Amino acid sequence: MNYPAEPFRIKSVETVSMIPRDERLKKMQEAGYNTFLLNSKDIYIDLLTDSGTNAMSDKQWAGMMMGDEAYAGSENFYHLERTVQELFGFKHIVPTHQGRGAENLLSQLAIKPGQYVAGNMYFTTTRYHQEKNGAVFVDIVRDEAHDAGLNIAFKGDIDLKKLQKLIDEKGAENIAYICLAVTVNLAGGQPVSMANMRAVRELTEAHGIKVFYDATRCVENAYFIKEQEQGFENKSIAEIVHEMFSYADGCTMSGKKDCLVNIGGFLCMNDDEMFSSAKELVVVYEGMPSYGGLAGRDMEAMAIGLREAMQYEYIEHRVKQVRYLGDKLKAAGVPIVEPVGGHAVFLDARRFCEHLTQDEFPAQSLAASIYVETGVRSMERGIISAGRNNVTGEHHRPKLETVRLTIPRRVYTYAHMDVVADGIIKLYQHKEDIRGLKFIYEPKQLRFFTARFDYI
């Protein structure tokens, strides 16, 4: 089916409501025209993020009642540990409270000041932890990944020429590691092919260069491989995930995305010495290696959720629900990033707001406007998120200036997607009413989370 029904039933519900346009306009101004600054009670359908907003299952909630809260030797840690060993195939696991805790560890463990880390397009917290540990980020994604309207498969793929070039020009000894994200978030949740993961492993291994995956949406990625990469049509999601990680030296994961939980993450690796060092560090920032700043019940929920994520019908429906929203928007002529990604539809703010320059912060502005007009919260994914260049002080200027309608897993229905698609279409009808924004408060890093603006 193009649009399969939900492969589950509703066990329990939460109420939703809208507040009038008048009240919302007030709300937008008080939050400094930053969607991140509005309040949950004041949002009707909350598409700010798929991070930590997922609906758990009855089985996960049963697990939540069996939290073994012991400081060491918790049954829940053992369960998480064996589940991740089985499904991802890495030797060692260190839990963290969420993904950026695992990134903090990896960046501290694996980077010497002055080294390069190369990856398939930047990410916000990722680039910050790289640069903060003294690395220079090098983007080795294909150029097309940066082309919002260009409909090509596996846009997350690393350009092997660009990786080769980097090795020739910098020397392998000066490359800390390759960071391969699956899927790639800021390109629109775009997948990476198995062929590419293999080619990357083969080339890096020849030069002694390590490869670490950002596993945050690895199940979404595995769906796209099953659906689109020749030869995978009859492999299970689980077989695909396990092969994917077989091409990496470890990974970082925000369990708050594809593990179907509201909190949780981990770091995995194969190297014994790196494991020892990681355990020394986790103690500083997260907790003991035996819980990593998580309750036992959350290690349990994450163990159960990661295994539920492997069910074909679940991930099929997850991705196709997002695709439905994208398809409706596209059929009506609304400009979006193509092809639609695994976790969100990204309105292309540049086409949505032609009359604005990117220095007017179109994406940031549009997010505000969608809120005012519809009560739907969405996230800036453009020049604000891109941050400032640490060499020059200027904004980084990403070609992708996008606005994210991000779908939490197992929370909404197609009828909710229809409510969203209608609101957006209507706002499009007068997109020339969307006004320029400028900063009134800029944080020194990760500025998008809490920055505030005023209309120009």
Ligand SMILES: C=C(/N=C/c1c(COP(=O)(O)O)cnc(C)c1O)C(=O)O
Contents of the next structure:
Protein chains: 4
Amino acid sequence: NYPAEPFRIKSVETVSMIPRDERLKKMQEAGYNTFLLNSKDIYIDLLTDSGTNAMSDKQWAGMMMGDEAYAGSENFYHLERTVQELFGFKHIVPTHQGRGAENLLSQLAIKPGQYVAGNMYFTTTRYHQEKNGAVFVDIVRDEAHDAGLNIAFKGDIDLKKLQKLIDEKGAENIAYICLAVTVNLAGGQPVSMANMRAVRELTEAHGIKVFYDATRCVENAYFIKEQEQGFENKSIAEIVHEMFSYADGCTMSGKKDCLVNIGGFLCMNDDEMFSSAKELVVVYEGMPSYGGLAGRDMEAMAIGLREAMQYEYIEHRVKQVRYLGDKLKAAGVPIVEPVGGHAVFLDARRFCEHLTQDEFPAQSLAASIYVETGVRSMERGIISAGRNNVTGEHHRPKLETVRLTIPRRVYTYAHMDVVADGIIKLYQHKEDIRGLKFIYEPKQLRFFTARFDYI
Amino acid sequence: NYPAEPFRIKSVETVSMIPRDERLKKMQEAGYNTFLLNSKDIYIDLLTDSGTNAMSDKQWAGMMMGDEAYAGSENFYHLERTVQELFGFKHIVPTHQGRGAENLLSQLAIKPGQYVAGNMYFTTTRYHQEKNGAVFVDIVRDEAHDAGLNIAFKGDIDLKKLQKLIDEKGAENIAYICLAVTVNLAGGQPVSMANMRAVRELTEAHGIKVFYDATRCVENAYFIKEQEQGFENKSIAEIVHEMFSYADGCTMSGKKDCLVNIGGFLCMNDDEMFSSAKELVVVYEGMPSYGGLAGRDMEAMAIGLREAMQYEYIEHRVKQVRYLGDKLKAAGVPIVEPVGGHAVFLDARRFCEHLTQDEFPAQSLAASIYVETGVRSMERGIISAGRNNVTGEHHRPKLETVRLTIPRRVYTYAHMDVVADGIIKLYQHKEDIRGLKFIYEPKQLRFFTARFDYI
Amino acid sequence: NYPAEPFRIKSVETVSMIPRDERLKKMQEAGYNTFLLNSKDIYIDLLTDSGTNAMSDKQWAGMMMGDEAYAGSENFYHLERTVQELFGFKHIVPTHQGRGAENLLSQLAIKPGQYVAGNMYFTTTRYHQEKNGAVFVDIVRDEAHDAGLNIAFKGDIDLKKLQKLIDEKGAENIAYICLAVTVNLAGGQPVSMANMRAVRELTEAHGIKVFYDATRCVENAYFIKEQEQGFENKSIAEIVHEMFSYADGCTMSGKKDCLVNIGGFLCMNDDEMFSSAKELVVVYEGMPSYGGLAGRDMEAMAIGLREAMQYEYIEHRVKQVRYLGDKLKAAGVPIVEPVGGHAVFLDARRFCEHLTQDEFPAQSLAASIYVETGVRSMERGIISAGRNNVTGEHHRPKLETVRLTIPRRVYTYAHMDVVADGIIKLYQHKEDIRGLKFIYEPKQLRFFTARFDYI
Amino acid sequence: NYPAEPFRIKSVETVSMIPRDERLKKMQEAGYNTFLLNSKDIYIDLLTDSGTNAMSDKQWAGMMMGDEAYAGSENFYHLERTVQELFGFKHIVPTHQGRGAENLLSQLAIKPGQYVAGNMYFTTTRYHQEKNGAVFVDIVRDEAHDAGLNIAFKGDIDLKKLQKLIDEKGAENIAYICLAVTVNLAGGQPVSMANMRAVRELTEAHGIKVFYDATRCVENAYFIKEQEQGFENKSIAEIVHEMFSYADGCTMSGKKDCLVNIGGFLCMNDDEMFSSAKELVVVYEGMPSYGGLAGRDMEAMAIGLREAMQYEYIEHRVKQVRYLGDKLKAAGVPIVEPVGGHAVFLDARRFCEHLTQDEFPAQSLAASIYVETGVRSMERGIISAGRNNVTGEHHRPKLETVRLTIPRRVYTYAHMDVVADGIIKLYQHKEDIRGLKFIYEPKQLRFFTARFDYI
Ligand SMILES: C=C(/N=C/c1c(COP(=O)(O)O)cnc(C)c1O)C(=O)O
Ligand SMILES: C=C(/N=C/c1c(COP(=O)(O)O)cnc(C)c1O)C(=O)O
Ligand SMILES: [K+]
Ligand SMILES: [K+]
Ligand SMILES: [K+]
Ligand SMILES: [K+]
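With the form solved without this ligand already on screen, would you show the form deposited with this ligand bound?
The complete assembly is shown below, putting the previous chain first.
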């Protein structure tokens, strides 16, 4: 049902809560954007599951054995063998984190004017694609855009949308297919192995490349083991290895499922693409032998990726998130369903019926959650969607959500109860939340440092 | 109520999560003696709360700042300032752990033939008193010997037993009074501030010294803040500082309430005794500037002692233990009452009422608990009692218990559920627990290496 | 003179100490390319001073205090306060290392078609300038191109070349001035404070921006304190703070003079540019609150930058390098003069005068140095120069050198003797060093993976 | 000749020097005893090689994997296997440090009235022997008491003194023979394998037990490999294993040759003695499964003992000490010869010809060395010798020395030059040193906290 933690606590960090009066001044001080708050003032930090994970004693043992050589580091070799053994890719290039690998892939695989199609988008991934002259096309199934629809494997690619794209645009005009596991903006929804098989077969018949966004691939592997028929007897590692046999390469953010606080890499099977990747990584990240990472960080990521394959760890990871969602749903709190592997998304539209999407209710619901509970959450709605490049209007996604993101191995069920009990109490008087308007907007990726004012 | 952890997890200790079938194999290889189990085969290790605590990031930062000098280490000075500030004693001598300090105090404060009186005893404390020629006298209140009696401050000293000892034996024939906080053998029961005040008044009138066994003094301070009238507005540190104002010195095991894995010390107000303590500590521990400890450990203990004063930490510590006792008591499982500050004691005499004491029900119940849950607990009954030296018969204690001892900041409430749910399921078919017989019994310390088999 | 290390060893990194016969086997397996040697087979690794520094106990204590929050980390604030205090710049943006900051500065400060002028160049710095449409102009003084000329402050900018550029091209057509301290390509040569003052006066009169490449600025500050008249009473920090008072911003690689293994940052006084820098850093590095770094690394870099200001540390750092150069020069071994702050450069064109440049004497001399001593050094000659893109011929640099680059606080004078004694013995039978030919040459980054064999 | 360090520096700790005016106040403040000084005020701390060693990255990796279980710790098993494999003893009991093991051995192996004979004595070892009723008899050869006599293997036991002891006193009246390797008070002088064979043969013929003081056994093994004929081809580990085949047990201080900052153990082959050792260690140290050590400390000691067997490490260790002695001897500074494995001993009698042994010149020479150089050294003369138990007069050893003790892997040759250059300058005006007299004397082991005043 809900298993206990498959580990012990080795070391702790103390937390505290500042009074609601100070919390209100802090939200004022931060311009009503949860990204501009101070960490010391936060009790439970659910802003992101990225780089906020607790490492194990074995990883920390690896941190003491950092081989910091510019080339030929033992840590690089360990990370290389581990990725080749668990993912199965021929070549491996470390990067400082995920978007570093995306910068390389977009410059290597995109010709200006070509199309890139994926199962929904991500903010940094789509930026690098559009910066290199590509046009993004969403080919996820339509059900992934409906927050309340509770169906399995929402992240799957609509094979008919992919087929119509190939026919209308031509295979030569498609740079590659970008398959993300899991799909972050849909709520952390998994992709089925059958879908990855079908995508591989269809793209291979037209010579189209397929690259994975493997950021949360282990959470995706758990959903396959739990809910896809024919995989209940497969280990997590066997499932992960088979997932990547249907791809030509991948970008990875170790900061998620590799259980580290920094790190990423780029994988590929093609030798010419690997030759050009080594030329480019030196410009932006560093030598191909460390890729903008200290040796101790390559070591921690190599160990963390192997620890992520333990079934009990990933089962507890996902079911802890599920416990938070089941407790909120049992009280009537509207959430995205089904709950994903890394976070619970509060539906701000149903939570703030009085607010409109132009009044930015998700950004305002996140502010209220910290004031009332001392929990930091992230806005995942129209503000994160950005503006259309040609028209200049808001991108309006159906999903206007507030993301409660769970770092791996950091919090307990008692912490989830604190989050749930506080949100449930806020739900009783959800009418008191005010709408917001821009006072400072960045030109790109505005949600990071955008300052708002109440309407 | 039951508060959430007032901290988050910084790092974890991984375990293997082996199933019941393999757990039985390890238990058989261990001879059905939980003391012979390998740490690597145990999920939740409740053998002892001594030296098994999880340290904070701050303490680990201090571990990197170890001044390993033989004399004049900065870590010693940090530890000295902290103990002088928090405990209020004039002089401070570090020791490698608690029994090191007890060896020193017994040799310094006892003349052969004198008496030492205390609120029950501990094995090592009483040994060093008896090894130095003292005769032990128990002066605890009579209610402390009633396992089922649920009253506050069971550890208080009976002021009339102490007065009767002074009159019959004479003050000059009393080495000192040994007041322990908390009282280990009564189940971790606290002592009231009123009792410590009265003991100080009575002994000072006869010139008798009073030394504390401060091992779990912070847990004792919480019970005073929680249950003694007039201390609800005092901080934990104010209560600790006042407790030691009624003593002339103390022996302390940092391994318990200082939140460390090694370390202890000896405190004193008398200059002559401190002069003699520095001459003796070099014999058994080391210099008065490190006392059988690395500098980094004096630093961790100094930081941990200050962290233990936080009200939210000690409240959660005690209430986590209480949560385990309350859940067992709510199912009808017989336990020692009231639940102490560090452990829950299962009444195995009552749990296995179909077994006689010569069939070792505490030892057999502990083996069953590990096979069913992966939890290691400690037998505290006829096996630990040992054999009489001259007669060769079993020492037969009134308490036949299984001690579930909780390390500080290591486990969560979900782990407490694993312990409780497995024990409750065992209780529901307790008639199937079989008795044990010796197949190997060593001459001494039989609880450590004895091997058994079912009857 | 030559001072002792102003520190003691806290912890060591073990090596294997393999004999010459095995060293030759590894060198053959590495194709006689020191870049292919495994770190675990190298005794003294002088490949680079970048990211190979030994940290202090204090920094490692800060590594235990990593606040890994996505935004508002306490480590970032510590790093921000430190850089603002020591460098004096208004705004600070962290990056994963130096070239990350250079990518940002080039995209923010360069309009396509403008010119960028500097005192020589670095590979990554010039790439990002040229990738963003700038044309590079070298304005260093002519003496910097004379390897044997032993004069102080070889890195100074020729004020008349800068003036001739402003007159011929126009101020509005100049993106900025890139002043590097120290100058890597001249051998690690310092820039005088008088030169920085004069450059600031000239550019400010035309409204031209000046940005520093502050990578080895602390070594530059020592030469100013040592050799520039009027600064002998100034502290290192006062000289550093004054140096940056003549710049509008800087790119910094913490991997060199901040005594860390990863990290860098970008500084600025202009608010609009800082506003645009926060919008761009999210694209390539991460939030402005961590910038592609774990919190623990921002903390180590903040502590290391403060430690670098200690006069005794930087004096020993520079004089250890000087000791190696003086011992080689005292035996007649040809080196670049004057010795720089971070490395000694062997003139391989002169060392192997019986070899032509097409026989790769720098690459062959470096292989011989490893076989005889277990020291890895870097080829900085025709192999590293690469091939011309259109013609396919070797780029033929005037400097054919072997760089002995010294990591900070890693080696002792006895290690410098191992390097010197082996090189001196090679010089005495330098007529036996054989030339090398390609047996594998990759299309790009040939210095990284090329393989050779003797002629 | 003098090899470079067979390791790199992984992390450093900063040091500093306070002015001679403050250094004089500090010596005044400490009562002219170097043990009462503060570590922060010391530049190069040569007080002792005990527990002041720098650990390796591998040991620090082991510190992150401390298994802190009360019983069955993986760290205890690793230490147990390592000691059994390298020393060859059947049973192993950990202790917090060396004198903890001595306390156990003296209580287990000594009957009141028996004799204990050894190659000179040590302060804590002789105390525990005399405390348990034994009378100490020195059976080292007479040449070991002559500081200037330069002969190999000064620590050997005089076989004729041992034979006369057996004849005069009887074999039944000798508890055991205590053979120390190396011999600390003779200057760190080694014992030959031939001597250990002869001692074993002679004692076995009379049934007398032999126990080793293995504190610096690895330094002893190096001298056997270097200077004893027939061992030049043996590895260090083979020599150590053969050394202990001639003993029935050993007491060990890991704080010396196990390259740790805390830790020790007791080894023995007899099962009955091991049974009684487990009963006693619980009283003074802790359970036999950790023996007063944290798990991480057992792990570090298990790794450090294996690293000590590397030939290059121990060769550099000994030759670094030798470099200090050769430099002092080349200037005419009188020292103990030959130099031992862990320290250089300055002969205070030849250094202070004007002072007498009753004026305590060694304690006064140590004070002057810190005032002039900032180096802390230890008095090793009549003050450390103690007083005779029956007469009450000073024990007057021929050796009145000041010990410059070298921690392992902490300092460099440049640090040894600082020590040597400062002592050589002090040697020019050695007449300015004043004599000292007691103002506070402890009852036992007086040198630790004795305060003196000038005469
Ligand atoms: C930081 C987040 N996401 C990172 C991310 C990234 C970028 O990874 P880095 O943060 O490691 O660049 C790429 N792809 C996906 C699907 C991601 O979710 C977040 O969701 O908080
Ligand atoms: C502390 C020192 N000696 C310790 C020592 C000891 C005692 O070890 P502990 O310091 O670990 O108790 C035993 N035997 C010998 C030969 C020793 O040298 C010292 O010489 O500074
Ligand atoms: K422990
Ligand atoms: K120490
Ligand atoms: K590095
Ligand atoms: K992080």
